[PDB]
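Here the complex is missing one protein chain, while the rest keep their positions.
Residue numbering begins at 1 within each chain, and the chains themselves are lettered A and B in the order written.
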Amino acid sequence: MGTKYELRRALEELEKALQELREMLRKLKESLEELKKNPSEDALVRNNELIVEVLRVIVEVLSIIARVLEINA
Amino acid sequence: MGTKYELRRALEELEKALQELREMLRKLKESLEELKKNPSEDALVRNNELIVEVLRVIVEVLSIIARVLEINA
Partner (left out) sequence: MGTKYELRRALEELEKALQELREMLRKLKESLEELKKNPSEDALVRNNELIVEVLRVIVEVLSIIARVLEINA
């Protein structure tokens, strides 16, 4: 397998995650606007839930970036 | 135009976005401390709003990072 493979797999996953993240962002915006219109505790809690969802994937992405940077140098 | 240009433009935008993000972070901290002092539903909603704002820009930054990594390899 080796290095080029690693790279290619990593960048592949990178773009996949970004599209997930642009998707999740779409939902946040939707939620946020419902929020702004109709504030509510329970609505705050579904919103924070999506936020954490987003954070998880960002961290994943950063983990992948670090690996690419480590491999290339 | 080509490759070096692309790179230079990308890194330029990268740093611009970071300063935006350090700026937005300043506002979050301010908001957060008002929050911690004076909890409130509506204050929670302005806070979550800034959070999403921050997330949008992070995703943008990551999109730019991916592109740089893709170009250099």
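Note that a residue touches a chain if its C-beta (ideal position, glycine included) is under 8 Å from a C-beta of that chain, and two chains touch if they have at least 3 such contacts.
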item	value
Option from A:6, A:23 or A:49 whose C-beta touches the chain left out	A:49
Chain B residues that touch the omitted chain in the full complex	7, 11, 14-15, 18, 21-22, 25, 28-29, 32, 35-36, 39-41, 44, 47-48, 51, 54, 58, 61-62, 65, 68-69, 72
Hidden partner chain, residues of chain A it touches	41-42, 44-45, 48-49, 51-52, 55-56, 58-59, 62-63, 65-66, 69-70, 72-73
